[PDB]
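A single chain comes next, written as structure tokens; it is the form deposited without this ligand.
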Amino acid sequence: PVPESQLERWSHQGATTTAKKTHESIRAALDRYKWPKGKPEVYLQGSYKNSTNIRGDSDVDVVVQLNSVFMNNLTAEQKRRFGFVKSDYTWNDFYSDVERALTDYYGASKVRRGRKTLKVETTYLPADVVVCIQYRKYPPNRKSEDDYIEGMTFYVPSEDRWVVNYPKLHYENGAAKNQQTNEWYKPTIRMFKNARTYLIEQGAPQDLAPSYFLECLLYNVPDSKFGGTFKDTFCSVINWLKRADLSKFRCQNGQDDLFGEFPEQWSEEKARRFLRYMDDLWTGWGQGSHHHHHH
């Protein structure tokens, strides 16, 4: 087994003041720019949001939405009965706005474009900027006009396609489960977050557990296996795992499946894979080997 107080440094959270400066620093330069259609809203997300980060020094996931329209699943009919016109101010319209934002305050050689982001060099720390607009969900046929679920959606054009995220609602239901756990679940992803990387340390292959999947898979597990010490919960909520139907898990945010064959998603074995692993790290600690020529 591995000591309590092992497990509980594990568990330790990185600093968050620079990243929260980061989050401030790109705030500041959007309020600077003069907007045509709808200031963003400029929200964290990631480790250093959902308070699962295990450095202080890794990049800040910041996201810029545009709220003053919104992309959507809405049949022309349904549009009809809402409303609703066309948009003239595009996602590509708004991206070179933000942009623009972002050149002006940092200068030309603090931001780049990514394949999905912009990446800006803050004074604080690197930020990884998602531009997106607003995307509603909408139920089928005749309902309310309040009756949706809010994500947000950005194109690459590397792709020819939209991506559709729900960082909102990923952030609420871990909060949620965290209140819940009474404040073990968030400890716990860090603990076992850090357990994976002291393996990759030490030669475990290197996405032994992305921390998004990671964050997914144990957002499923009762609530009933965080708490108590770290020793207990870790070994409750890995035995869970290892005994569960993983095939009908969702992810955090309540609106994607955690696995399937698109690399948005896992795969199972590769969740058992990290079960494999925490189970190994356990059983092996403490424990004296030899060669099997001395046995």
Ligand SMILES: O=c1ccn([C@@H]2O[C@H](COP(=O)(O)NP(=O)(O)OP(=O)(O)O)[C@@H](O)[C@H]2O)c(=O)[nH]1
The other form holds:
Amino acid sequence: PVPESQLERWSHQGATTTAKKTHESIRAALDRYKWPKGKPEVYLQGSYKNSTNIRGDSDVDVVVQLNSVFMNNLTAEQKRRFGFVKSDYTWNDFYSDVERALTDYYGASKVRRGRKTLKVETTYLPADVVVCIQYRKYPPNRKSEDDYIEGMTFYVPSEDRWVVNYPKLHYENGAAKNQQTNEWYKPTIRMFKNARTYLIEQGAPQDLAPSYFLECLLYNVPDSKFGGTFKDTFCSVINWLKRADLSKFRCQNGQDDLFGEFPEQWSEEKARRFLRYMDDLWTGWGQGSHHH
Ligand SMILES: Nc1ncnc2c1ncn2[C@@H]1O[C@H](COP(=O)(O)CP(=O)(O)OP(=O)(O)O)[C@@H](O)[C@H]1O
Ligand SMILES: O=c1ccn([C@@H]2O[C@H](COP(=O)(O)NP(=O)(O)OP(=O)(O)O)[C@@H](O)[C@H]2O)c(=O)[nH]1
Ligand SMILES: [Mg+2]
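Having seen the form deposited without this ligand, can you show the form deposited with this ligand bound?
Zooming out: every chain and molecule, the one shown earlier first.
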């Protein structure tokens, strides 16, 4: 087993002050721009937003979301029934406006286009800025204009595909679980993140447990497994996961399946590998060996 004080150290949160100033910096850049078709909202997502950052110097995940228009899953007839009209302002236009705003503020050398994000070197931390449009997921019987689930969506030009995320729901649901576990959920995420990273530093696979997938995996664990001590939490969580049916796990946003064939999803075999390494870490810590 792993000593409690070691697990408790692994549960510590990295500083967030520099990350908040990174967020405030991006927001100030966009506040200075003259927006032709709606001013986007700017919020954080990722570990800093969810209080699961294990360092204070990791990249800041920023969402820049246009809400004056929305993409959706409606058919043309359903859009008509709701009185929606086509926006002539596209995701591409909005992206170009966001990029111009950031470039005007930080300088061209500090703003560059990534695969899925605009990457910005601020005077604080690097920011990964997701430029997205509000997404409305309507139910299969589409009857009322207000009955939808809100996410966001963005285009990936190098892959000719659209991504739909639900970061606000990811945050809301993680906070709710943290409330209901008497605040053990987020420290437990960080404990496992630091345990994973400790193993990666010693030579374990780089993709042993990508942070987002690890949060989603732990989100599916019953609240009763979190609490008491970190030692009891480590074992109760891991022992439950070893016996669980992973196939029906949902992401923390409550909408998507965690495991599947799409590029946003994980695989059960990778999840099982993570559990094996945590098992070995636990049983391996206090044990002596010798050559056979
Ligand atoms: N496969 C994926 N599917 C849906 N959303 C994803 C995603 N990967 C990343 N994201 C979104 O981008 C956010 C930040 O991505 P990452 O930085 O890779 C995870 P993180 O929680 O910030 O851990 P970190 O502390 O190692 O940075 C995630 O919290 C999520 O909102
Ligand atoms: O579904 C997603 C995937 C990714 N992201 C955000 O995109 C960033 C990169 O996501 P990524 O590292 O998984 N993809 P990558 O090929 O490295 O593209 P890029 O790094 O942009 O050149 C991540 O750090 C997230 O902040 C989302 O917001 N939603
Ligand atoms: Mg992050």
